[PDB]
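**Student:** Chain A is already provided as a structure; the job is to place chain B on it using the hints.
What follows is each chain in one-letter form.
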Amino acid sequence: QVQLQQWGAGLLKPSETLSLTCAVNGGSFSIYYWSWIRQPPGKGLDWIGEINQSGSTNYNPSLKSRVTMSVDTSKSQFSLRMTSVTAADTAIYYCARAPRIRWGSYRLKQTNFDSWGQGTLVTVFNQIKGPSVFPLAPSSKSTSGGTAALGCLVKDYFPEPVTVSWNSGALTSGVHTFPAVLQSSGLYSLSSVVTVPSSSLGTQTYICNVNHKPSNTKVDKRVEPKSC
Amino acid sequence: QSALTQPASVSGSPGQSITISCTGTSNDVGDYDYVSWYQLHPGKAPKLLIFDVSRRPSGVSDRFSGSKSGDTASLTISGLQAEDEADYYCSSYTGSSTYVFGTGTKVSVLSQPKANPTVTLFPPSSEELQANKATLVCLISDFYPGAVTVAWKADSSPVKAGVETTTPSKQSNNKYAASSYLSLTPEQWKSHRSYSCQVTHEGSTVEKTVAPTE
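Chains A and B, in that order, give the protein sequences.
Using PDB author numbering, the letters of the first sequence correspond one by one to residues 1 to 82, 82A to 82C, 83 to 100, 100A to 100J, 101 to 215.
Using PDB author numbering, the letters of the second sequence correspond one by one to residues 1 to 9, 11 to 27, 27A to 27C, 28 to 95, 95A, 96 to 106, 106A, 107 to 210.
Rather than coming from a laboratory, the hints here were simulated on the basis of the structure.
Where hints are given, some of them may not hold.
[Unchecked claim] Taking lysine-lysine pairs in the DSS-like style, the calculated list, with each CA pair at most 30 Å apart, reads:
1) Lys100F/A <-> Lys171/B
2) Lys186/B <-> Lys128/A
3) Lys200/A <-> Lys45/B
4) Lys13/A <-> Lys129/B
5) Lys64/A <-> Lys42/B
6) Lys166/B <-> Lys208/A
7) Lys149/B <-> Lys213/A
8) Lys43/A <-> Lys75/A
9) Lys171/B <-> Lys213/A
10) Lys171/B <-> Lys128/A
11) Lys66/B <-> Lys128/A
12) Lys45/B <-> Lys66/B
13) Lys75/A <-> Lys42/B
14) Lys100F/A <-> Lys128/A
In isolation and in its complexed conformation, chain A is listed as follows:
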């Protein structure tokens, strides 16, 4: 196998053009195909397409309207262009080798991928945007342990990251802040939750402090029970 080095701008806005490049070290294009593959944060792998050193290309049927690949024999580089991106194109983009060979006339071997680059993380969204913060009032879902869960929903922000404290940093025990999910919007949401004793509800105060530094948004939200 070979060593693939890849680069290109990974921060895009809707309708722009992704342009990534991969460089071959430790071999040459030879008779092989050279490919682009992506991994969106939810989904599994998507094969994007391939190219050989003579310029023959084969593309994924659902992406070919927007995708074209190029090769630069002189530099030992091949490229991906994908126009009119949306948040549906957000993903880690890998280049790789597809070293297919014929064995006689009807027989292909090494139908695999093998020289996988390290990946380029591409995100697609319009602008910096601060979160909307809502309370997650205590639900009491461990009867045996007499414990409740309460929290804050940190919704629809871009880009990462967001930091959540509780009670201006005095409350860390029992806190768990989840990784963000990426929504179809291209915006992120996350939640932070505290496991507390049920008897504390309504006497102890719980306030979550959300700071999304990318947008200089700080929000404090009190989280109180719904009903006694």
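**Tutor:** Positioned in the frame of chain A, the structure of chain B alone reads:
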């Protein structure tokens, strides 16, 4: 072409043997010998384990073995070791001169005893609803191994649109937590008797339900 179907999650204890299936069609797995298998550790690049259904590159442990019967290829991992905990993907060349991938399988090597998740489902807050939005929040905690699937239900009908779910990660105790979100309009929230979060873990499902009338 259509993604190869894999199981979402497979687990085993160290020393165990496990198999991961990968189901396609006539045009990929079935009529050809074009199946590959890759191991993906978080943040590392994919690694080839098996190609042409059953050939192993030199440098891949012989604990890894591939095979095919009908439209289903299978990757067997013998003598499970903790380093084998990763995501696994199959792939195939096709008779239409394309490649397709599998949907991916999370392999867990049980280093600790199994722990069932605790599920806590939050309805939309009044504040979110006044803002003409609604999000249901399903919090999943205190479980091991760190693999789950989450299904949402409106009444008894499956909800697929507007679902996002995180990959499990460790809490400060040493068990896992995950989270799933259902985005709805206030109208859809009010328009049903209940919504449920269904959390499937190691062969068992825990369900929680909220209602716009509570």
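**Student:** Please go over all the hints and tell whether each is borne out by the structure.
**Tutor:** Going down the list of hints, with the structure as the test:
no., hint, verdict
1, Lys100F/A <-> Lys171/B, "44 Å, violated"
2, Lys186/B <-> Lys128/A, "24 Å, holds"
3, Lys200/A <-> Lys45/B, "36 Å, violated"
4, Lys13/A <-> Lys129/B, "25 Å, holds"
5, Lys64/A <-> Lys42/B, "28 Å, holds"
6, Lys166/B <-> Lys208/A, "26 Å, holds"
7, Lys149/B <-> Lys213/A, "24 Å, holds"
8, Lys43/A <-> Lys75/A, "33 Å, violated"
9, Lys171/B <-> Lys213/A, "29 Å, holds"
10, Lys171/B <-> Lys128/A, "17 Å, holds"
11, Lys66/B <-> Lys128/A, "46 Å, violated"
12, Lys45/B <-> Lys66/B, "20 Å, holds"
13, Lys75/A <-> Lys42/B, "26 Å, holds"
14, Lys100F/A <-> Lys128/A, "55 Å, violated"
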